[PDB]
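First, one chain by itself: the form deposited in one PDB entry, in structure tokens.
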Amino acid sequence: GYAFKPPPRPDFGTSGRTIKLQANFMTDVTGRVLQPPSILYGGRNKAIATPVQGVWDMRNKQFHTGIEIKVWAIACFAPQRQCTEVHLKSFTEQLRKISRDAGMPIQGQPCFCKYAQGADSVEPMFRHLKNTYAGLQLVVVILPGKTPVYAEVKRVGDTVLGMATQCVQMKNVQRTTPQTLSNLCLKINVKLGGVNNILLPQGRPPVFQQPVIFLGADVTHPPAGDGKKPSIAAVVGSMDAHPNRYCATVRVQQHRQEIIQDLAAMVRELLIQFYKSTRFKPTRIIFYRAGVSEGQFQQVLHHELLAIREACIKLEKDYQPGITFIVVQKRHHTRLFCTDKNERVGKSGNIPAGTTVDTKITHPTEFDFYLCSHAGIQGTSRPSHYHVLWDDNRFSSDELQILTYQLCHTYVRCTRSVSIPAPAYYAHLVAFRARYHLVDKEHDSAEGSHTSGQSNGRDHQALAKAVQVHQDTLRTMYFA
């Protein structure tokens, strides 16, 4: 048996605006639209965006902290006949003006602006870049759609040279929209070490009165009928009081293994980074776990919790912070619709962002809820299920649901509220980037096609070093 059991429901939710809904169980349920957190920005004005219907924009808004870009480069892998230097100059001008309007001043044209062909030319030229322009902060790599050049660029920048690289498709260079450039600039500001925005500090739940770390974990697996290809487990952790900046750890682990075998070491490194950054050990630990089925609830809860506790024991003598273990499930057949036409959203007629249901469709004796935190524009919105497998922090339903909503609003690649909290999304992004690293490790030997070359040519140590990113990359948000 297992010595750990999930805590029951501490109470029912009361905060938010009451909204009748229908669910395919039709079962008439009652949700609560949580009010969106105010998004605090920077600049001279320090604008406070109010997410309207799940969405806010970057018009008249500057970054909370903007990173000036004095040195950057452009490597165009698109065909020169298809992406002319006129197009590149127009893209540079439009991107510079949008970035300056967003509080991210780019001082002048890139020093390097050259054309290259093939993935095999990525690693030399990139190395040449690191050997030519000191203080280089970014390379804009233009790509003609799908190519191995993308994964080779990602591998070289992340796990080889420690270089921040942003890729743009060719079709977004010839025709440029202000929204595309603004989202690009969001990614640039995140990748270079700046914070785009924070939640309004006076509107946060009381859990931020004490030091706290937010952990997001996700394991991706290759298709079945395999065993040469391993699973990839990624755990990210928030590195400051404003839950925006995240550090990442990644591990190659056994084929189709769901529990994170090396979770204790990853959590230990993340806690060490948190103590280095905030100079305070986390009093509370919030763990958002993605990609765990119902039938494997307890095993993960038996292992990973212990691992986290082990990391705490390995952090300092007599250090047992309260641990909150929640599992995120975007995949389920639970659909929610508004009962009256006056509350439907857009053309698609979805439910509003913030719709939280913790009654009548959840587990009667367990702490779980549904939260639709994203604005649906097509079809039927799919809310995210959050089941609290462990709660040493004595959370209430209101505080945990509001914290989940604000974490969903902390996603930084867009000015939108998304379906899952930012740590889970970042764990997914790190897992995908690690899979790109693993794929482009085998780019000179794409398929191998050998007996001994495939029997013991991809041993676990080599892939473990393959997913490990550079030292200059480890502390940054390369995955965004």
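If you superpose the two forms and keep the largest set of C-alpha atoms that fall within 1.5 Å, you have the rigid core. Residue numbers count along the first chain shown, from 1. Compared with the form deposited in another entry:
For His450, the Cα coordinates differ by 2 angstroms or more between these two forms after the core has been superposed.
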The other form holds:
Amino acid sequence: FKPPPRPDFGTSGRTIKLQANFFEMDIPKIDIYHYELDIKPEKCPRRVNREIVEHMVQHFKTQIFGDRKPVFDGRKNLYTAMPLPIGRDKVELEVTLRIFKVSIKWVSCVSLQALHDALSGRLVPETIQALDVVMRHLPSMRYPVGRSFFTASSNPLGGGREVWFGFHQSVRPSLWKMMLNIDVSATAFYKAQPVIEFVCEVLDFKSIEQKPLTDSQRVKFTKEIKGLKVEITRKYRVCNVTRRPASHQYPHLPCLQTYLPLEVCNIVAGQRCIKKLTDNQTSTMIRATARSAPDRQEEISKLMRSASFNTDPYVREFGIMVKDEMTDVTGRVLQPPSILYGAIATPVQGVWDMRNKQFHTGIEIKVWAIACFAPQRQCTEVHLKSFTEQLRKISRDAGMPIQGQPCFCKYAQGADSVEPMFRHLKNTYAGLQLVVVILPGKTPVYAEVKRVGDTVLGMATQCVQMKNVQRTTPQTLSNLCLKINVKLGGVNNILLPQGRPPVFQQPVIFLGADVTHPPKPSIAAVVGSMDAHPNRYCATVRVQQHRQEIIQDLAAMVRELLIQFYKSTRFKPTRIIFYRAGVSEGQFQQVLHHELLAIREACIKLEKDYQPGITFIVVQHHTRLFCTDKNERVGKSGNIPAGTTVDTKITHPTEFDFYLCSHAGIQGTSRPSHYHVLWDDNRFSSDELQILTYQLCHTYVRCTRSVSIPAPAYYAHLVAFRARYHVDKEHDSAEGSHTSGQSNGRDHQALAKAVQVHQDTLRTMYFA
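Structure of the form deposited in another entry (previous: the form deposited in one PDB entry):
Next up is only this chain, free of partner chains and other molecules.
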């Protein structure tokens, strides 16, 4: 039903001063008059319409507009701080800049007093849209493309191109009052200048002084220059650039198309590079624009102050004022869970290592095989011997002792060759635990391998690149053994028992789920814990409707996971925690209605009188956050430290939600995960639930580092990814076609039974 109110703002963790790129407000309570306008010819651009409106205000200033500074959305909506005399008869005018006709009609008055009332009641709308239209009308003229301010910055990229900068804007509500926000997002420009400069810089001869050019020198300038307007050093447009020079079509060089020389013509300035560029030009701007988090905060702080909207009367007509400094917040660092190995590790900065640490319950690998598909000359038997030696060494060091040589090794080619050999393997060796596979590149047979590995034969198929075999390193094989161990039913590590909050002091199951869509089936996966720590997650998966977000068959999946938990522990979980990734903000009211009830239904199916406490959470932008203290800047990227939580001055004013930056920022500016708590029967405090959501980011087995979202969610994502790798035989066959519309039901049932993982594989974390 209704999502719960915020129980409290929390107290646990460190204290850090933090800065969000939002901006404070003044928001006067005046009523802005809003009118509707019709402009002919309607096909003209919005910027041309705004220019026509300005020209009409200037031309008809005597009796119609006066000194007013109206703001126009571009097509229909116009706004003013004072009423116009046009109310409410037919008003039409003409403008000549190239001749246009316009009309004006008054609409209504958007009251900011209603905005103030909604800010402290009526739990807020025409008001926000009108404010968004008003707040960036004039600056958008400085950008026709875009609706944001620009700076007239110079920086030659290549082939006659340059870079000019500008930042995009937004306005969102928050506690007390609204908040404007700015984020730097720039573009690129094709250079405009005299054609002599094009011959010098772009053609790049020995000097200005040449001849009918070859392909490369021509394409350096002739191909790039197409698309720009030109004038006399007479407005014209470039429609073609000919390989044949002006003499055959400095006329002896390649010319532009009517034709123009290269000595008395200047390209028109102010034209942004509209066209999408070649692959080589994608990194030409990153050569001079690769920047980190401080090189976004500093740039925003410089440019917003350089704009200085408060100083100009032309935007102070409405009286709206925005503070220069960006928003200040207080953040808290959640403590990390100590990870216990069969050795206690602290996830320091969201990273820990397997140095002198072994798995909690290792698996003794006795009978194991290798199925190589790389070329024999490129991957010889000595390479396989070296890979075997390093794999055995790393597995021995990790508490998963691989014993002796592999019992089987054969070279093979073709995708269909995996199925017989593996069958023969399980026919010729009993107790075959591990089945290593070697594949070069993105070959399709990998999918076939997993289609033999998990679905039908039930063997722990592990795959590795040819380059990794040729270039084995300790880290690669360590991370590979980390998933080989859980593929064989082992347990890598467990959360420390005493370091967990009271939610863990009773039997509890931590469900998680995710859904992935095609680039036909939409795969929804649900994972559930199987022990009290937990580390071992059983997985269920269902193909469902195209692009559907709702997990249609969640009740049966939760029933299966609860049955497995009861059989594994002979106890019923008194609490249920259900994470849910992949949900859009517009669907929460539906999701909270549906999936929660289904979970309850599963409990009703497990036992008549069974009633645990369910917690329903959803995990998810432009809401960048940066440090304020110089000492708190971490690493090369300078991102906020891992585990920081923010739940004040930028989040929802009433509902329970919080931003959490669980993962460390390798590059750029990290996007914190926004956890919106949609339901809480257990009535967790902010501290306990935030600590739980942060600690479940460290039960992830595929690597020893903190992940962005909790392990129950990304495990469902991995299960869906593996199920995608698991049966579309229309593409596999030479041809595929049938009566679509009903036969896709047959394909759906086929996918359902194909993704039904084998029993030997069902009881272990194959999805690693």
